[PDB]
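Q: Add chains B, C, D, E and F with the ligands to chain A, keeping to what the hints say.
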Amino acid sequence: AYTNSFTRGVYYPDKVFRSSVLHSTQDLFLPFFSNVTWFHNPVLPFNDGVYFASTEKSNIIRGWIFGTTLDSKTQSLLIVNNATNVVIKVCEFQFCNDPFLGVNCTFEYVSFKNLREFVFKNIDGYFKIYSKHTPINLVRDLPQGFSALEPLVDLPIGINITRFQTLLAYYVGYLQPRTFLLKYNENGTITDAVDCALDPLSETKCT
Amino acid sequence: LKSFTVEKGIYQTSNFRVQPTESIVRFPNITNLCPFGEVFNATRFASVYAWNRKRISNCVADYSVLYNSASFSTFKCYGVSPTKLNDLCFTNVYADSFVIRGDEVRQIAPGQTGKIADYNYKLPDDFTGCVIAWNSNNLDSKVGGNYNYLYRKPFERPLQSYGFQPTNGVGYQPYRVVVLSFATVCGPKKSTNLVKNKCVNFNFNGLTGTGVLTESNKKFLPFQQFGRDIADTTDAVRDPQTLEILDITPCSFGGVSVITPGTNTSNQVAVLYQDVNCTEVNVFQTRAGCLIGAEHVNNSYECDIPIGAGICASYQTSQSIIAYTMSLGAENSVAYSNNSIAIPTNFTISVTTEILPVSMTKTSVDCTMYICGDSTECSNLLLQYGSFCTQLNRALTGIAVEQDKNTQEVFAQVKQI
Amino acid sequence: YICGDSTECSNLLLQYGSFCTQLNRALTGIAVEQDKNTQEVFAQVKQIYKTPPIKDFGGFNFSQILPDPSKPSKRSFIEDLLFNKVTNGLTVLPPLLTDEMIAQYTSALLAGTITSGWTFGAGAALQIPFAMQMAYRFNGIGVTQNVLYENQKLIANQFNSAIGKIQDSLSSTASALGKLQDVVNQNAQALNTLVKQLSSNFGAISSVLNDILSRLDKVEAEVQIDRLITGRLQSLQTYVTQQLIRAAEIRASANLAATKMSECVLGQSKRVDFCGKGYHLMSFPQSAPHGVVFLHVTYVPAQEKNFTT
Amino acid sequence: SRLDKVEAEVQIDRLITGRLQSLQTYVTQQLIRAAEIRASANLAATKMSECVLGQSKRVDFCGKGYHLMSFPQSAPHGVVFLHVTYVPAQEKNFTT
Amino acid sequence: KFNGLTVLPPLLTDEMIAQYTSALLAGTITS
Amino acid sequence: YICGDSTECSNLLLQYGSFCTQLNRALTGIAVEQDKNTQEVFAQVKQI
Ligand SMILES: *[C@@H]1O[C@H](CO)[C@@H](O[C@@H]2O[C@H](CO)[C@@H](O)[C@H](O)[C@H]2NC(C)=O)[C@H](O)[C@H]1NC(C)=O
Ligand SMILES: *[C@@H]1O[C@H](CO)[C@@H](O)[C@H](O)[C@H]1NC(C)=O
Ligand SMILES: *[C@@H]1O[C@H](CO)[C@@H](O)[C@H](O)[C@H]1NC(C)=O
Ligand SMILES: *[C@@H]1O[C@H](CO)[C@@H](O)[C@H](O)[C@H]1NC(C)=O
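In the order they appear, the protein sequences are chains A, B, C, D, E and F. Mapping of the first sequence onto the authors' numbering: residues 27 to 66, 81 to 143, 165 to 172, 186 to 242, 264 to 302, in sequence order. Mapping of the second sequence onto the authors' numbering: residues 303 to 454, 462 to 466, 491 to 515, 522 to 620, 641 to 676, 689 to 788, in sequence order. Mapping of the third sequence onto the authors' numbering: residues 741 to 827, 856 to 1077, in sequence order. Numbers given in the authors' numbering equal positions in the fourth sequence, counted from 1, plus 981. Numbers given in the authors' numbering equal positions in the fifth sequence, counted from 1, plus 853. Numbers given in the authors' numbering equal positions in the sixth sequence, counted from 1, plus 740.
So that you can see chain A by itself, here it is in the shape it has in the complex:
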């Protein structure tokens, strides 16, 4: 369904240290209190950028598939975690039209109780994936909170993407260009954020 998004959707846009200062910048973001798509998984458009979150306690998600055709017909991104290793692929696989699990060749890479959040975007053929884990005690509603997302993996895939799906409750939503004001704590972590277009009061805050 549709639920209030609260203040989630915060991530580090740079690998540079700042402390005890306010910084305002414009980037792709998740609007505050927005209506995220909630589900208790058909193909959905990628559009500009994707945000996903899931109440994880049982390894519901088996992975993700990205691409244009959303099939092994062309080079499609595939994510799998098995045994004790994470596998990512961008090959045009010999797989079926739609691999499912119950309750040309190119580069490859080898590496509820909780809430796990992720953000996916592509810039100039380099695909950034950001993630964050936290403990929770809720399964269907959204517990109001505040936490950030750090980068883990970027690779120069160089592949256009339009369609995607997740291989398996969860929430999926979209990022658009908005401006934020962020506060860095003394230790250097992000702890407070302000959205420009929420109300005129926030516009005053930013100005």
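Just to be clear, a hint being listed does not mean it is correct.
What the hints assert, rightly or not - Cβ pair distances, simulated, as ranges: (1) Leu767/F - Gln787/B: 45 to 51 Å; (2) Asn978/C - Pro230/A: 21 to 27 Å; (3) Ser746/B - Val772/F: 45 to 51 Å; (4) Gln1011/C - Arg319/B: 21 to 27 Å; (5) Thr696/B - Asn978/C: 44 to 50 Å; (6) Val42/A - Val772/F: 37 to 43 Å; (7) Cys743/F - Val772/B: 36 to 42 Å; (8) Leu560/B - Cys743/F: 37 to 43 Å; (9) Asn603/B - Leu48/A: 54 to 60 Å; (10) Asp568/B - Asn978/C: 18 to 24 Å; (11) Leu767/F - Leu560/B: 41 to 47 Å.
Think of the hints as simulated: they come from the structure by calculation, not from any bench. Built from N, CA and C at the ideal position, the CB exists for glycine as well.
A: Just chains B, C, D, E and F with the ligands now, kept in the frame of chain A:
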């Protein structure tokens, strides 16, 4: 000052700036090298009729050091210097393997034709690459004749078996000839050793700067690699290999202050450096900087020439320029009590002189010919801005009016003479 | 600021000429002017004075505004509190006169007025009993001098309690210094501005001189560098003009302050309500960072009665 | 002399821009100086009226000491005031 | 040295200023 | 004034930056000054 002689005072001419001692380059731990043993270091290079054209990408191709060695049978560069891409990330690569007889390999080349091109190793006319070859006739040569060599679509590797053999002629002697076709091939870069506590130019990863490098006490997060001072200045860094947090001190600099009395009196001079210590460039220390060419004195007088923080200097007697703390003036106590009063007995008259400016010199500018210089073409091109000229004149003219007004209202307070 | 130690950039900067001289000459003019203002404000006495150790001043407890012997410097207690209540290429030049000597100047003026009244301002100082001094002020505002003698105790109690009121007013909050604070912040704002535009492009391909030097043809790079040159030059001009305007503001205000101090400290001016509400009686000055503070002591009638005339 | 119109235009544009910017700088800076001179002129007029005609009691406005009278004198682009003042002298202690 | 720039003479010459100064000093000293 | 509601001009102007902002601030100050001066003349009495 555009004068042979100068009145007494202080002036500014240029700015002192320290110079960095040396340059430093730093880059991360190089790894993920290319499998160079695929073609030119493998067990046996692919024969011409079954030449391999598999692409190679996402690797560190550091073969330029090996390309600099003529030990190979041939190292023909087809447009790229050996060091042209030794520290650059190439778009892609193709590990071609088309070993063929030395004389027969002439037709098996990009843009070539003959019994070896169409049959075995057809290639694009202007395919990027460089020819590399090794002495395959020693052991890689087929004793019973190189039937799989070149004999009679680009990159599709009329048709016959070749007679190349190790015991054959020089021309028929085969070599491991292959046209290595050119962000995938990560050419490794160089780096230098780290130096601290010295004014140095530094290059950390892609960023470059200059200053003093010190072991900082900051606590950068694992994903953090740079530090921004609020004036958007990269001031704190992390070494890519020797993992530590370092900070950068700006290159020391200051103003060149010259203190001198009138040249007509003497030629002795003194020099002040602003906001630097002694070590940087008779020497004395003040809160305003480092002084040379003066003598400090424990005496005190009224101020002659300001320098700063109450420190002033003057030229006096056996004469030199001396620096001292300015005294606020003579002091005298006052004998107050609840039953005493001091009364004057005499008086005098003093005449004092005061001076006040009244007005300037009325100045006007006819900017038309000042800009154009009587040239018609410039006058024509002037029209595209227009009002500027007009506006300027009006402003200037306005000032002139107030000039006269001031003078008038200064002296016209009388109505009859 | 314009070149950043690039040889070709300085070579191109040579093509304009007199910008450097006029820029730094105007800034030096400002630099001379400010300390000239300070000198004009606080030089009006030619000799220094020290109070006698006795405190027989009819209970006039000036304890807050006199220098502190034990504590560092010669600042006064109110002057001490004012410090608590107020917190590359670019270079800050040190002030000409130190805080300690400004404090000494204030102490000398205060001692002179307490011990003498206007005589020292006239010339050679003459001591006079303090009560006699208070008498002539009331003579100056038309009231017969017998009132002071008949109600000295009440006058003293009110003066001390008013000192207490001043302490309370400065103790509640620091908004009273809002002018000085504002002034300080002003310059900082401009400073930060001058830095930000350093990352602009002004229509250039990038904001880094070396990159544009490297990744293009030399002539095209020169065309690109012209943009940065023009942008930074006119931005510097804007900063200089703003400095000029604010300098005019501060210098006019400073001369106003000097006139106020001359006409309200040394003598008893008859200008109505020029130095605070009510008939003026006297004034005491106090130093502060970049600023001056006046305590005016004044006379006010309180209650009235009808009469026929 | 050396160039054609299309070729000359860019150089002429740059020359025009530089010269008119210089004129702008000259105009504004001169105007600032004019402002200072105006303020000084108002001070001078106040001095003249308050001092030469009358006997203002404003202390130290007309120079050190009690102000008796003054005489003005012209000068190239300026005015000079002579102030006549009364000053005490040798003094004695007394008990009162 | 003299192309473009011009200087205008002041409205009142030194002679009138001398007249005014004389008048003011005479008026003071007499009245 | 620069763009006349043209988005492309809006993007092209961004490369100069703070010039667009601080100028307005300057004028704003003058406005307040105006009002203060009016009060400076007429706030010198207590009661009507
Ligand atoms: C007040 O000061 C004046 C200035 O010195 C003095 O007057 C002198 O008086 C004597 C005779 O009494 C004259 O011979 C001198 O010519 C005066 N001095 C000068 C410079 O003219 C004197 O010190 C004081 N006047 C009196 C009456 O005591
Ligand atoms: C004068 O002031 C201090 C503190 O205010 C205090 O001693 C008292 O008020 C006065 N001093 C004496 C001895 O009365
Ligand atoms: C004086 O008399 C009038 C009328 O009796 C009255 O308005 C006024 O209040 C009286 N004066 C005072 C101070 O009350
Ligand atoms: C006046 O003050 C004291 C008290 O007698 C005395 O010592 C001093 O000498 C007198 N002043 C002069 C100038 O003599």
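Q: Hint by hint, note whether the structure agrees.
A: Quick rundown of the hints versus the structure:
{"no.": "1", "hint": "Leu767/F - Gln787/B: 45 to 51 Å", "result": "holds, 49 Å"}
{"no.": "2", "hint": "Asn978/C - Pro230/A: 21 to 27 Å", "result": "holds, 25 Å"}
{"no.": "3", "hint": "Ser746/B - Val772/F: 45 to 51 Å", "result": "holds, 49 Å"}
{"no.": "4", "hint": "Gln1011/C - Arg319/B: 21 to 27 Å", "result": "holds, 25 Å"}
{"no.": "5", "hint": "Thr696/B - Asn978/C: 44 to 50 Å", "result": "holds, 47 Å"}
{"no.": "6", "hint": "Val42/A - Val772/F: 37 to 43 Å", "result": "holds, 38 Å"}
{"no.": "7", "hint": "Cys743/F - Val772/B: 36 to 42 Å", "result": "holds, 39 Å"}
{"no.": "8", "hint": "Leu560/B - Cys743/F: 37 to 43 Å", "result": "holds, 41 Å"}
{"no.": "9", "hint": "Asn603/B - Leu48/A: 54 to 60 Å", "result": "holds, 59 Å"}
{"no.": "10", "hint": "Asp568/B - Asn978/C: 18 to 24 Å", "result": "holds, 20 Å"}
{"no.": "11", "hint": "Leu767/F - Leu560/B: 41 to 47 Å", "result": "holds, 43 Å"}
Hint check: no violations occur; every hint is consistent with the structure.
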